[PDB]
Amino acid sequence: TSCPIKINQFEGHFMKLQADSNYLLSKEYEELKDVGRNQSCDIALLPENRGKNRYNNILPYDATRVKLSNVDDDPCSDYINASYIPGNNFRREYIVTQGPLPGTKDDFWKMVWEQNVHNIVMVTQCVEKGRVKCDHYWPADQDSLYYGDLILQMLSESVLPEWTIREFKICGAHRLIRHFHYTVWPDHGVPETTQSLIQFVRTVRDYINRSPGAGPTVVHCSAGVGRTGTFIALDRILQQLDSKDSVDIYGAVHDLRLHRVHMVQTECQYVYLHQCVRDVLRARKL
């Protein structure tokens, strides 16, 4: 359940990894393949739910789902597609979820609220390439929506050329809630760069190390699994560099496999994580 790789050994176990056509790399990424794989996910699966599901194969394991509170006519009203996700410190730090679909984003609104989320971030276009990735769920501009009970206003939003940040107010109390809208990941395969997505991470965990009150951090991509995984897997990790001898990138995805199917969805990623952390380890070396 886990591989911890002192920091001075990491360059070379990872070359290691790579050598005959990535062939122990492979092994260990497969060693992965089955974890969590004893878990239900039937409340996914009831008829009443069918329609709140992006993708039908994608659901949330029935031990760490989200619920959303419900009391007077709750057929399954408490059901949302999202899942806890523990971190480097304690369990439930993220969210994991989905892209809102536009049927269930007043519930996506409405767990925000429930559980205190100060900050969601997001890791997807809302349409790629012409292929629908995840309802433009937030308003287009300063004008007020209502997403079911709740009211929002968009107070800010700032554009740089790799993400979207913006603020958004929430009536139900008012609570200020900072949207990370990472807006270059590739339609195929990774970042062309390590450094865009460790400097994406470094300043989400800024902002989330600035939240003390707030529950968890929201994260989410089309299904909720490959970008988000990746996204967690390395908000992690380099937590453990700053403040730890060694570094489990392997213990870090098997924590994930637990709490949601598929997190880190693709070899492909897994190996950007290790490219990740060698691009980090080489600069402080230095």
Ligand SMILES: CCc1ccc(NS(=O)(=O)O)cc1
Contents of the next structure:
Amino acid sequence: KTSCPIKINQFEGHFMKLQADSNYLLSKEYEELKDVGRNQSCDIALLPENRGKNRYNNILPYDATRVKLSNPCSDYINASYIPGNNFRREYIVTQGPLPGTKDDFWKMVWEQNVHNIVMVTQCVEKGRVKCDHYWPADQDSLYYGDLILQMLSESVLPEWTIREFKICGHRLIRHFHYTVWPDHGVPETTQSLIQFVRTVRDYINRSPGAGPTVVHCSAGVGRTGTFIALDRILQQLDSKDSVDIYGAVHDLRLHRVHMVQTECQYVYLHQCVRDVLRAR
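Okay, that one was the form solved without the ligand. Can I see the form solved in complex with the ligand too?
Only a single chain is listed, so you will not see partners or other molecules.
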């Protein structure tokens, strides 16, 4: 079972059924997803030479779907290709860059022709480090390996910040930083992330020639996976007679471990779809 498409006119009642008896059926469904993709190895990520390149020793890309750097395991980064609604390498998902891997991160961005980066963690959350600050921070410039990055602009809004960089190897990169998503949790409202996703999707659509969209949080699984699932399902709502949350999360899990990492995130995806449909 790899799919559970729900007619739009039936979604409200479907989600109610899932929610009944303290989420009995929802939990059952989410538990199934936890077995998806589990037959796959992560041998490369486990090589001694790569140990320092992983933020979490237990969050590693599958060998089958990892992103390779050009060029020993100088080819290694903790990142995975993820299909979307539209094509098979629609996203690259990655961990929050480390001080010692941010040059690798930018090399990947360059080599993969990335124009858009989505960041859904803060660098520090409740005093715990989640992500290195890996960009130049005030209209200035810094080297990252063989590349130079320069900030062109920064627009701060209450729930996200959008930055534009030039990268020289001069491509323009947009960086979409959602700043109000607690780790292992969900945003305070469906409205907030729905708007953020629609905004990013608008920019993606306006990015002719772009490679994959990079999406990351801290581990590159929970908040990242929820973002991608919501991006996919919102497109389904706009273009199709049905919506397949289970199928989206299934497909994510085939490609990287733990995608959509808590049950409350899975619930939140349903609440988002329910709220969009109520408004429509």
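Residue numbers count along the first chain shown, from 1. Between two forms, the rigid core is the largest collection of C-alphas that superpose within 1.5 Å.
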Q | Sole residue of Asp206, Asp141, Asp149, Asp187 shifting 2 angstroms or more in CA between these two forms, core aligned | A | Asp187
